[PDB]
Amino acid sequence: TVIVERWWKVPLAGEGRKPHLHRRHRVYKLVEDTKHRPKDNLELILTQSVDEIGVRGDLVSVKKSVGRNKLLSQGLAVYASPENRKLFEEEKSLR
Amino acid sequence: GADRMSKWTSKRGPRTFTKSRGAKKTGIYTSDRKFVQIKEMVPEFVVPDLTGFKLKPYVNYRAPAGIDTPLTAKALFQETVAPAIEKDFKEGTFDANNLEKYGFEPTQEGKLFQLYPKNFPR
Amino acid sequence: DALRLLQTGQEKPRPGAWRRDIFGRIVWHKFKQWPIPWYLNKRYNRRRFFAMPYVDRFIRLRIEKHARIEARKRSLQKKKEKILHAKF
Amino acid sequence: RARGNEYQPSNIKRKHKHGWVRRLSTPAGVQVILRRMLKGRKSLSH
Amino acid sequence: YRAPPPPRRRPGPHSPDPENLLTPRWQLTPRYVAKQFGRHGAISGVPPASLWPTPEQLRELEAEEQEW
Amino acid sequence: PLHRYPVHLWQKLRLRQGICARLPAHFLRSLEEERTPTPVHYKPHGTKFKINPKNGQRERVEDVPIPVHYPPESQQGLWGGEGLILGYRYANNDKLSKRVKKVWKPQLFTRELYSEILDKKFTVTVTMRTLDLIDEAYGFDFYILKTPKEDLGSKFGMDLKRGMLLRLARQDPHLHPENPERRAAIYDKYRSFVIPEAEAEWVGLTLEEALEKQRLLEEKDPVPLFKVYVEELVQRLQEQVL
RNA sequence: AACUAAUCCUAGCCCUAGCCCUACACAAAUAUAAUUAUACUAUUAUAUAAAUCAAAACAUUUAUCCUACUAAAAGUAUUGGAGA
Ligand SMILES: [Mg+2]
Ligand SMILES: [Mg+2]
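Protein chains in written order, with the deposited numbering: chain H, 50 to 144; chain 9, 14 to 135; chain Y, 153 to 240; chain 2, 47 to 92; chain q, 25 to 92; chain X, 2 to 243.
In case anyone wonders, no lab produced these hints; they're calculated from the structure. Only true hints are included.
Using 30 Å as the maximum straight-line C-alpha spacing, the simulated BS3-like pairs for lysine-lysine come out as follows: (1) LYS88 (chain 2) to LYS63 (chain 2); (2) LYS214 (chain X) to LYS182 (chain Y); (3) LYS221 (chain X) to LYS182 (chain Y); (4) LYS162 (chain X) to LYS106 (chain X); (5) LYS44 (chain X) to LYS112 (chain H); (6) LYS119 (chain H) to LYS121 (chain X); (7) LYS214 (chain X) to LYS194 (chain Y); (8) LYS122 (chain X) to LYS147 (chain X); (9) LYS96 (chain X) to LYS67 (chain H); (10) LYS190 (chain X) to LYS113 (chain H); (11) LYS162 (chain X) to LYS113 (chain H); (12) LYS119 (chain H) to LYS190 (chain X); (13) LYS228 (chain X) to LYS182 (chain Y); (14) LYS52 (chain 9) to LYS37 (chain 9).
Please put together the full structure from these sequences, using the hints given.
See below:
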């Protein structure tokens with residue numbers, strides 16, 4: 050997402066009121082474009098055996114592209130939500 | 014230089030412009046460019062026999078006019094329908110289902126003269 | 153009229169409805185007789201019973217114009233009474 | 047040549063260029079009618 | 025003639041109607057309610073306990089004091 | 002002359018009279034309340050006070066959101082609160098240069114999304130921000146149900162919400178028929194969002210859609226005055242007999 | 001010694017106060033070349049207001065226009081080819 054910032058100051062409006070804007074308050078400068086940020090990883094718990102990643106019940110940190118396109122869409126994995134973690138850990142312990 | 018205010022009629026304009034003066038259609042045009050009149054579409058005047066009729070256009074000045082009382086739905090119901098229901102109710106032979114016995118019509122379909130939507134002229 | 157009320161309860165012989173025209177006004181529309189249902193009639197479908205947003209400005213201008221006429225009328229009546237009371 | 051005669055009347059042209067159906071065909075033409083109604087014109091269109 | 029009665033300010037607490045759309049907003053604030061008690065004492069009917077800060081408000085006051 | 006009411010209060014006045022008044026109470030509340038959407042295209046101030054560097058004094062600060070344009074195509078997809086930014090820039094990034102028109106456009110993708118409660122796959126135009134919000138909500142169905150209208154920002158999204166809410170409210174067996182065990186698991190997982198069916202019917206409806214719905218409810222053919230008078234006569238006569 | 005002329009008072013209007021509205025006007029006709037009793041052939045506003053003008057020219061900029069309670073804090077803090 051593109052994030053912008055005013056060049057010109059906007060005077061304070063008050064507590065319940067809204068500022069009145071002028072045509073000079075429509076000039077912006079770009080502070081950041083989020084698409085260029087370093088990428089993160091996605092946490093998932095495997096539900097079925099898969100090559101080179103794991104077998105079952107093991108949390109895996111994967112690239113967002115792979116996790117959203119292959120594992121979750123095909124049903125091989127589930128979100129590492131607190132509830133999903135709790136169910137899988139109990140099954141592992143009993144096993 | 015044209016006149017914007019006068020009415021647009023078929024006497025005006027070129028040959029190919031034509032329109033009606035409000036007379037109702039009495040037939041159909043087919044292909045082959047032939048007009049075919051329909052008999053049922055031509056209005057028929059129902060004229061009564063006036064022999065031996067006592068009423069004339071004017072009335073005598075000595076005839077007393079009456080207090081005006083426009084007819085209402087309540088008045089019609091009491092004069093026509095109320096007496097029959099009252100007698101039957103006393104006898105006990107009355108039910109809501111058989112209102113048609115007293116002249117009620119559930120729907121106007123099938124009638125030649127439908128009261129809504131009206132399907133006949135004056 | 154009385155007989156129609158008893159049998160159908162309708163106050164008018166001809167069907168109609170309240171609709172908004174393309175100029176932003178509310179008008180009574182009288183129906184016509186047709187051999188086919190409305191959704192198959194291409195000449196009828198070209199007729200529009202709605203107003204687009206550019207009409208909102210004119211709706212306000214009509215309301216204000218009507219307001220000026222009423223104010224002048226009431227003002228004139230009050231002034232005329234002053235003359236009558238003075239005379240009599 | 048002598049000028050002053052540019053109006054060569056034709057009813058078909060007149061009704062197509064400035065008529066009722068022509069004015070309603072576009073939103074700009076519909077606003078033409080609204081202005082003349084607010085002014086009170088006796089003649090909305092040709 | 026006889027002159028009409030002198031103009032007088034209306035006495036007593038004033039409670040504006042909340043539902044009415046044309047009542048001024050400033051008259052509907054808790055500050056305005058507090059003023060009624062200050063001017064007219066107990067006859068206002070304002071629950072006296074309300075004048076002090078509520079526990080949620082108190083935490084905000086203390087938090088700001090430490091900061092500055 | 003002057004109007005009796007200020008212009009900005011005209012909308013509220015309309016909802017207070019006519020067939021609009023007959024609408025159910027809480028749906029009128031939804032229209033009335035307006036909540037500001039979560040920031041997307043600007044950074045909010047962390048604090049309420051800041052130290053002005055030049056004079057070294059404490060000053061109040063406020064958050065003023067950027068105006069964003071939402072093309073009507075956005076209502077057919079699920080954009081993650083994004084929109085078009087129409088503005089100006091200074092050439093060469095110095096205030097003394099020319100002022101130039103600028104438009105910043107979101108990057109749009111086509112994706113396929115699956116809903117468990119509805120058991121259907123949709124094809125939708127979407128932004129990368131929307132996908133991340135789905136992950137943080139731990140599923141596509143959670144995203145729709147949790148997010149409020151202003152953040153959701155799509156007419157399609159509000160229609161999806163009505164379907165899910167009505168499906169859960171009625172416990173409709175149409176979900177995975179012949180597998181009652183599987184259906185029970187799905188409905189239980191989303192048990193927190195259940196609301197009464199009556200409320201669910203009017204969720205996401207526009208004012209025009211609401212009015213048409215209300216008109217259909219109360220439309221009725223008139224009653225013949227013949228029956229009405231008969232009831233009065235029988236009622237009177239029966240009491241007289243008593 | 002009079003011709004052309006001249007004298008006149010009320011039709012209405014203007015600015016405020018008050019108040020939302022519920023006026024949406026027999027029959028018939030009209031979106032077709034409107035005001036033509038019936039099928040042909042479908043129907044649908046708008047991406048940021050600009051410039052003049054002030055700066056004794058002009059290129060960043062220029063109150064209102066582009067509305068959010070009165071009185072004060074105050075033409076103060078702040079912004080500005082730090083200048084209008
Ligand atoms: Mg000429
Ligand atoms: Mg100059």
